[PDB]
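Just passing along the structure, written as structure tokens.
Only one protein chain is missing; all other protein chains are in place.
Note that the chains take the letters A, B and C in the order they are written out, and that residue 1 is the start of every chain.
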Amino acid sequence: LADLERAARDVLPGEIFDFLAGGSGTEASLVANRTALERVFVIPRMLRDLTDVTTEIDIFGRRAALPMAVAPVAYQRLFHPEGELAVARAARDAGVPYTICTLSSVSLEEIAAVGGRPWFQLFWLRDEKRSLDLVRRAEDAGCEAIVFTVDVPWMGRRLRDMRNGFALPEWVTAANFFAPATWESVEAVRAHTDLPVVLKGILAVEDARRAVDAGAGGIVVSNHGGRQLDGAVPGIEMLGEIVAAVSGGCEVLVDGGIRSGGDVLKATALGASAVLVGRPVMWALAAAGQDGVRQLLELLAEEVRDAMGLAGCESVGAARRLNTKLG
Amino acid sequence: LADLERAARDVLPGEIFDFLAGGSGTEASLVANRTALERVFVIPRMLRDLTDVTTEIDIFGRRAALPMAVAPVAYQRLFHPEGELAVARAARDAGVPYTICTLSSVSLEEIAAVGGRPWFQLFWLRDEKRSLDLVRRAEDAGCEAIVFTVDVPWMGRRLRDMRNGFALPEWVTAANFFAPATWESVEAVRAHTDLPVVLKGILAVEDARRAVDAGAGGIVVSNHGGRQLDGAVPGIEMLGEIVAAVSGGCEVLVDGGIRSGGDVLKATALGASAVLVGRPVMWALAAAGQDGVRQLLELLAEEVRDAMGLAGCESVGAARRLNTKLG
Amino acid sequence: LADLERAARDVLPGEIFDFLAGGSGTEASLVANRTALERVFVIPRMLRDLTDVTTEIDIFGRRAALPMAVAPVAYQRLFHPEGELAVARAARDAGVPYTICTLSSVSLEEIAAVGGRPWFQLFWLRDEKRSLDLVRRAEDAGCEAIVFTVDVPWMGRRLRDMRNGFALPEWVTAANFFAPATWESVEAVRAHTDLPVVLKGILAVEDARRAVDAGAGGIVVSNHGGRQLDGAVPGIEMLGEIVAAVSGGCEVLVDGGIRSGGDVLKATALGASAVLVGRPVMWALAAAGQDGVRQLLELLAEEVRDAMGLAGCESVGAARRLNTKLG
Partner (left out) sequence: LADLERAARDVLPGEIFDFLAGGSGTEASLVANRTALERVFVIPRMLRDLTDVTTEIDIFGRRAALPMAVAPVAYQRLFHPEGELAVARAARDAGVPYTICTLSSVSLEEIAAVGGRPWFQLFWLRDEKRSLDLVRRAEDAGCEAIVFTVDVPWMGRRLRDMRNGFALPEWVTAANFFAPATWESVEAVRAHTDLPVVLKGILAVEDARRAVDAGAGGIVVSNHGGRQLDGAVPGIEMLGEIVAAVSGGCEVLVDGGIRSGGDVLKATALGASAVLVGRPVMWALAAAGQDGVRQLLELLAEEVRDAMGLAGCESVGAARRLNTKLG
């Protein structure tokens, strides 16, 4: 919700609010994530049984309360002193998976100890052995999926951060402590874990197909929130094509700009299994810590149920069968 | 007309003007109703006989003076002290059907006693028997059609109203005194009345077809003025597809954003039998009571005749055969 | 040119500037005339012989210096005291046809006496005999074509004029001194003159075809400058379709929003034989009388030649064979 964004702008130092809000380049891809969702209209169905509307899904072996997970966002102590623990606690209590980052400001084992349904996001290290160590650590700690970020051979050029000369406060560190990943890297991860491997940052149809062929359990259709290639298509504009191409071969998630339950409904109707949400979770953390994130997740939960029922869907499956029109 | 909107803003308390003007969510569907009409252009015909231009139609057994009816709008005493009686009187005198609401602030029997061509809008009650009682009451009072609202399994989230903490003044009540409706509910209504049943809030083509199959006498292609699902397609964007699918099997009405006789002409040219008009009627009621609504209906009548003749149509039938271009 | 518009706003009384600038309704069709031209892009050709670029055309038996004529605009004494005589003189000297109006503020015989290539615009009178008298007068005076306006069964609702309570100054009159025209009216005119009859205000393809069948020598594809049906498609959006349908059976002119030589080039490339120009001619008349109109026509002549040659066209015929892309 947009209320939370203003609250976060008030509390955070400007340069940190910019690290959070910004995109790469001219921010064309950042803006397009929103434009893309705004142009999607749902064709709701009427007069269906709504006696037992449920927003639950099963994904990567487990039930989730909503078709949504908290996206990986590095260094969450930048936003609140409890950082990742505040968010992970709120996510647990909401029944939403939480993605622990490779660049988390609290150790992955500490965040996993919170409980809930933790996933682990991997950045490939120069050193196949350390990469595979991180994976093994995550698995030993009870993470349920490996979200391999594949869109960051190196970081995008964030002009806000360069303009600010933004740097990590010395009170924030990479508590778990890089090279471009390839398909060979994916295979090394797949061969070393029994957890589902989910490739995050896929936009081309042939890469979605190859992800299935590679043994991925999922993909996240994503332009990294407009922070990587400036001019990369929004994931929501590729999603329907990608869902058709994989034809049920893996879960297909999407992110970028999801700001309401209606947006979740749009993504579902375009064929997404679930969405990730990034910036809004951080606005809520900045504004009110754990209880802020809890309130955000409850509002999203309400909005998703509302939208589903208004659209005649008693389940997320039904929402996936909704048609859309581009406006 | 837009003159009336400003007049109403001046006279009404802010929170009531917001209950009236607002949509759900981000108001995306509210804005899109207008955008959709603005992008439609008519291809007028020339050099046709206009000696006897008539705006009359026959609908649900009766003549109407224009291809238009007053939409159901709950609690019209919110806008003027004479509420529904002022509007119903003006509608009668203009030869326009008036839709009496389930949530009317004057009793349905009182409004029907005004005369004219009253229709009755139904909200389904938890309790098939009370629902069917309302229907029987309406029929006994001389209502000519049952407008079953099928897009409100529960109310949309109106953020204006939540922000205002808007509530009914204790001087406005539901003078006729809820559960999600299904297709079984439609059948129960159809089996209990000889009046045409008109399903209001249809947007999917397959729901329009099923409405015909269900024995509806009409549908209203509608996103509830942008007040229900935020992100629901505008009815005007579905209308041509829907008209083709039903292929004369029931009357096909449309609403949402109709603000002029030219807009009526656009809807007709897209295949609508008639339109509903909501907010403008309430602006006129707020501004000048019965005579306000009369002046609005006379202006609309003038604008419809003007537009028709400019477009070479001596009858509404001819207007339906006009072609359009999207701009 | 836009310089002239400001100059005219300065000199004219507000209500007269509004009679000139305004459209009907919400001015949707007025704005769309401009939008339509702005979205058209020309694909220029290179490396062609331009040794003898000519902007001349033959139309309705006679040479014209440019593919352009002055549109019919009633009551030109509203804008300058010399009214129609100032404009007709400038047009003559530029080699541009001038359309004398039925509602001219100087008599048709006086304006024709100026010389040049006068056409005569007809409004159909209640009274076939008086209509045919006007036609005969025009023909006896040496007018070369009858421009039958077919888009005014009655006048559009000009809200600017209603708001101003605009009325003709008693010093402006209809110096030549109404009913809806039909196809029978066209035939009566065609049977009573040997001059080419040009139907002005055609937008539907089937009306363009029927115009040919009816023996018209031309049509003007036009929404009457956005002053008749509000929501009528711009002529420029129908032109290519219309040109294809008539397949050389009559001349096909266009008007609405032409504001430069580049706009003339766009219209030509879409298949127009020539354009009409209305409002700009009146801005020039208001600003500087006869010499104002002369300067406007010389600027347009320069701009047309410039655009043609830049686009590799040594003749208007070649310009008609240019391709376009919609942006």
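Quick notes on this one:
One rule holds for everything that comes next: contacts are C-beta pairs under 8 Å (C-beta built on N, C-alpha and C of every residue); 3 or more make two chains touch, one makes a residue touch a chain.
The residue from A:44, A:97 or A:201 that touches the chain not shown here is A:201.
Of the candidate positions A:7, A:233 or A:318, contact with the unshown chain belongs to A:233. Residues of chain C in contact with the chain left out of this view: 38, 40-51, 260, 262, 265-266, 302-303, 306-307, 309-312, 323, 325, 327.
Touch with the hidden chain on the side of chain A covers residues 25-26, 28-29, 32, 35-36, 150-151, 153-154, 156-157, 180-183, 185-186, 199, 201-204, 207, 228-234, 237-238.
What we mean here is this: only the chains that are shown with their structure count from here on.
Mean C-alpha position of chain A lies 42 Å from that of chain B. Distance between chain A and chain C, defined via averaged C-alpha coordinates, is recorded as 59 Å.
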